[PDB]
Each structure stands twice: as C-alpha cells, then as structure tokens.
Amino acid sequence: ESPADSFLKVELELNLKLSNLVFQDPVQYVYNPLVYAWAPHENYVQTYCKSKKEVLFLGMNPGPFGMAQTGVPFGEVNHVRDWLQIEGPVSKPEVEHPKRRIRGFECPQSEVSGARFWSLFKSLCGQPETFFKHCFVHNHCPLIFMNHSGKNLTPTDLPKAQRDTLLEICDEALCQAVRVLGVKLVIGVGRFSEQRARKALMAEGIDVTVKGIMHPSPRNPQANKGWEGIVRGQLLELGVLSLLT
C-alpha cells in the first residue's frame, strides 16, 4: 500500500487530457512543469509518498518561481534543495516568455509563498519525514498561464469555456488522487482551493472533510503581517498539530 506509483499515474493521466486543449485570447503561453520538471517531481513523489496519507494540502496552480522551476508544489528552490533535498534536471518548456525563463535549480528568485510555506513546516517538524509521515502536498492544476507581457493568469482569470473545461478535468483528477492517497482531510491553501475542492468531492460524494488555511502569497496584506502566526493557529483549531510533531 504505497500510493506513489498510482499518484504519478493520476498525474500522467491528467497531463494527457490537458495536452489536448487549446488556449486563447489573453493566454499566450502555457507551461506544464509536470512534463519539463518531471524528474524532480518524480523524485519528490517517490521519496515522500511512500505510504498513505491522513492530510492533503492543496494549492491552486504553480507560481513562476517555485513549482514552475523545481517541479515540487510550493517549490521554492532553497527549501526544496536544502530541506526536502530534491534535486533533478529540468529542461525548458517548448516556448518561453523571455521575462519567465525556467532556470531550474539555478533560479536566483525566491518565491515568497513557497518559502513561507515550507519554512513553517520546517519549523513545525524539524525533519521532512516528520511532515510527510501523515501528509502530502499537491496542486489542483499543474499548468501555468501567462498573458502577452509575461503577466501571470490564474485559472479564474481565464475566459469561461476553457476555464470550466479545465477545472472540470482537474476536479476529476483531484478525486482520484484523494482516493489514492487515502486521505481523511484536505486543506486548501487559499479560498479558491478550499472551495474548489469541496465542490469537487461532494459532487462524487467522497466522504472527506475540506478545510482551509490562509494563502501565504504576498499579494495578501494580512499575510505580510504574520502569516506563520495565523496559520500555526489555524492548524491548532483543525486538530492537525499533533500529526506534524
């Protein structure tokens, strides 16, 4: 009963259905680090999904300087290389916007959401085995979208049409991964993810609770004030602190 190989296959399944869609209009570039950063992604899943999980943290999509460069979700380079200890070759999506070049583990920029994310669990837990013992992390959509200028588009900033097909498809995948991991509880990082997961799972009556935490993005002011403080508090109300040690 290791989910790794089935998680990875839910993901290659999902890469398939997505390779099929065509985007438009405000969208000019699309990148899926799940193709070009497969190696480190695999290595994450292999090393850290060796067994079934009670909790799943769930973010919305990769950001430009985290998962888009490392393949690990909330994948800020330094914490991924020094704490998770995941290395891997990464190549380059087929068309790059010059302001959003993939440099892999030689990325200079630090993604603030991801560094916050993992810096909390690194304080909470010490050692990655402790945090992954019962938990795991994953994103609802692995694709990353940019307009003509390099400006990032979330899935919600997408026009109606491609947006509903694309979420419909990730919603089904999300249900498989949840079943494969074996989880009792899911914490969306951010409102979009908590809602979306909720609506996904109840639509196939999967019997799992969906809570949330504050997103650590710096576009959100309450987060720049003491994200870790708030969240350590949100995880205590959810009853998960005993889980991570």
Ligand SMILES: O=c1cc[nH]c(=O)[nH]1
The other form holds:
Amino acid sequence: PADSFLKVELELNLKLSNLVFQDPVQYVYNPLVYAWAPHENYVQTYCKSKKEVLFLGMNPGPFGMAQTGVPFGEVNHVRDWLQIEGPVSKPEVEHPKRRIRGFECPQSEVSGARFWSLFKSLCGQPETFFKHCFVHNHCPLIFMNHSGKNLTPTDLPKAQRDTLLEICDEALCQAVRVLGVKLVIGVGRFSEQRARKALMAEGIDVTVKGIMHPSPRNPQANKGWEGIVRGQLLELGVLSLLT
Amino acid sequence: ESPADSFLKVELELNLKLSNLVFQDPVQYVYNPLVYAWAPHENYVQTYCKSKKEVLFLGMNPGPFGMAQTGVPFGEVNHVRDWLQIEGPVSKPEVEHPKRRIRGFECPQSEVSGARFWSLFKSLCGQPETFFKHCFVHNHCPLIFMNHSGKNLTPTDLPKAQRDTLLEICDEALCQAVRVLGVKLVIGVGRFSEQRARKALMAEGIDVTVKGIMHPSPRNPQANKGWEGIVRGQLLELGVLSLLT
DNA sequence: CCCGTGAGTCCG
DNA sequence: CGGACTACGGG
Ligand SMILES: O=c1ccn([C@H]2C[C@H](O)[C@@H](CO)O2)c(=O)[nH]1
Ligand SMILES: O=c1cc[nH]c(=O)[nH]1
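Switch over from the form solved without this ligand to the form deposited with this ligand bound, please.
Every chain and every other molecule in the complex is listed next, the one we just looked at coming first.
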C-alpha cells in the first residue's frame, strides 16, 4: 500500500493545485510539495502492509506537519521517536511570520507533541504503533490570512470549503480502500464527522469512530487529554492492537 | 446570404465589451458560457443560422442548468443533445461556486424553463430544421451572476450603475443581431426581454415589431399549470404558427 | 477545538 | 396566512 497510498496523495495534490483561494485566504502551503521527501520517508517506513486502523486528522498545523511533512508532525517527536528527517524546501509564497524552516523550526506543535507522546508511552517503539495503524490527514493544505493567522478548513468561507472538502473526501475513500482499513478514528469531531459521511456515501466497508482533538485551542484538551484519550481508545478496543 | 459568421462576431464583439466590466457587492461570481461553452455554441449557430430569419425569440440571460452548461439558449441538456443534436466540449469558468459547477453535457439536472421551451417547439415542428427555417433564439445578456452563496442574480437584481452599462451594451449588440439576422419580428420570452427589446430597437430607430410570450419559468404559477397551452394560443394570435408548419 | 444558537435558501 | 438543512462568538 505504500506506493498506492502515495499515488493517491499525488493525485490529490494535482486536483488541489488547480483550486483558487481568496478573500481572507492569502497564503496556502502544501507540505506534500515542499516537504515531499520526509513525507515519503514516513510513508515508506511506516506503511509497509495493509492497516486495520487509520487515525485521521483535519489538516497541518503551522509548526508540525507544515514543517516536517508528517501528520501531527511535531519536530522533536518526528526526529527522535519516528526517526524521519529529509530535506525540506519552501512554499513559493511565504507569509513573513510563517516561514518554513523544516526540521529547524524552533516552535513545538502542541497538538503533535501530545499525539505522538501518547503513542510513544503506549507503544514503546514506532513499529509497534505502526504494526496495524497509520495516521493521515483529511486535508494536506494549510491556510493563512493577511496577518499569518491559521484558518482551518472550518474557518474557510463555505464557497471555498465545499470545493476543497469534496476533493479530499474522494481521496479519503481511495486511501481507505488501498490501506484495507477497517477502522477510521477521526481526531476531533470535524474529521470524525467528515470521514463518516464520506465513507458511508461510497458504502465502503469500514467503521468510523472518534477521539478528542489534542489542540490547545480545545479547552477540554488542556486537562488530561492523554487520560481522556487513553479511555476512549480502551472503549474502541484499540489498546489491544497497540501492545 | 448566411448570417452565422456575423452573428458570432456580434457575440464575440459583445464578449469583448463585457470582459471590461467590474461587478460588485452582491455579485460574487460571473460566468460567461460564450467563453467556456463556445464550441457547442458555435456548433448551434452554424447548424441553425445558415439563412436569414423572420422571427427572433429572445430571453434575458442563461439559466444555471441550461445555457450555462450547454452554451445553447434555453439550453436544457436533454433537448439540446437529443433534439437539436448539438454536442461540443465544455470547459469550466475561472472561478466556480461549488453549488454551481459546470458539468456541460454531463449536467444531471433538467432545466425546467429550457425543457419547456424546446419541448413546445419539438411538438409543434417535429424536427429542428422546421423550427429554424424562419426562427432563431438568442439572449439579451450572455452572462450569469451569482451572489456569495451561489444564488442566481438576474441582470435586473444588479446595483444600478453596473445594471445600466451592462444593459446598454447588450441593447447595442441586440440591435446588430437583429440587423444581421434580418428579422421582421422579435418575441421577448417573459416581460423583461419584451420590454427591453422594444426600448432597445425603438431607440435606434429600427423598423421591427416586438411582441411577447409568457416565460416558462417554474417560479411563475401560471406557467406551472399550462405554459404550453398558454404559449400555443399566444403564438396563434401573433400569426407565427404558419411559419412553424 | 467543540458546541449552541440561529439566519439564508429551497421547497421546479 | 412552516420544515429541513446547514456563521460565529464564548467556554
Ligand atoms: O393559529 C395559528 C395560525 C397561524 N399561525 C402562523 C403560522 C402560519 O404560517 C400563518 C398563518 O397560516 O401564521 C400561527 O402561528 N398560529
Ligand atoms: O497534522 C495535524 C496537526 C494538527 N491537527 C490535525 O488535525 N492534524
């Protein structure tokens, strides 16, 4: 599935490279272009067989995946526990306050540190997490307004969001079919809900569940995110598979 | 001789003057199927405007599921494809609202106005050659407008400033189209086109009759109870049934 | 982020 | 002379 999975991402990059954003959207980065190499290293190293479980995020945050090309790709955990590195280039148009520095980005993505710290504690080594699991985002683009502020797919005006999310809904169907996934875990309500509508519409044979999003913008994530999600994972019965 | 070429250059020149307008405010999207649906359009004019005409039917502007998809006036997909037998590649506008995508001849929707319009002529004439022997069909304005959520805006829903130069420019191209075609009689489909055409042709002193038929729009309840029956009677009264065997 | 409250569009 | 569906601010 590594090669097939990367083909789906390349075909999705092609359809997205034709969209045009505006309005409050002023910058659009695709790390699956300028951080293709560590992305493709992550997929070749960790996507070696079919998967039972897909964790699905919404999109890149500015300091993790936007820098490293790896879902929830906070720099220290990507460098040190996943052991993925690779050259990173730059978007053609950078916001000054959001330049791409790759594996030299000084900021920690809180969402990504939390997410990989959890699976690091639970699984020990990355091979144990990836025996049956994989992690991916619904949307590979990141968007800023004039002042460098992040607009998630949800903050896009409706006219710009429906366009984009229908194209990613279709790439998501293709991803789930190539990986053989039986269980999609939406990270946050938006991915959970989006994946469920999209997959049910194609009648793919797959169950869609959810865990809480780690984001620090989520006030409930700021006490005990790890403890709440260890309890959600136990309920979905995936701890089993993570040992 | 044959007006096809000249009709196209009229529309090509109107396309030019229009490409220069900036729209505002409530208007967020503007399409022009004469650019991205040029090929079926040009195929319809060449196939059916080979000779000079007695009557021009005139509509206001493309609807989102008829002419906006097929480039043919009142251009509901099934009738254009199966009755007029007009095909061509259709590409997309520069900027599309997600509720108003252009799918060309793959558009699954059947525009009610357009399906009504051509189904009348199909029943009345049999074959398209009979209807086009002396008639043709065109719109006053080739553009389509949408607000921020994809809702259609008619040319008259436009802020007066934009509305007036747009119509004035269309009026001018309409007077040429009428000259190029040779028509004795313009029938506006719906009130706006009838009135606008009367005001455009009288104001440049063209010696042409302007009449009217009810518009087939399902927004009008009288059209939903028996449009075809009303318009057959209106066409009788105008003496045009003889032209359409 | 997650949810609640509620306004634009369709009902051809 | 409503029903369903699907922006934005505060927790
Ligand atoms: O008893 C009544 C009658 C009417 N209406 C409102 C709703 C309806 O749309 C309109 C009259 O039919 O006024 C009510 O709320 N209650
Ligand atoms: O890659 C990422 C990072 C943050 N949040 C997500 O949903 N996915």
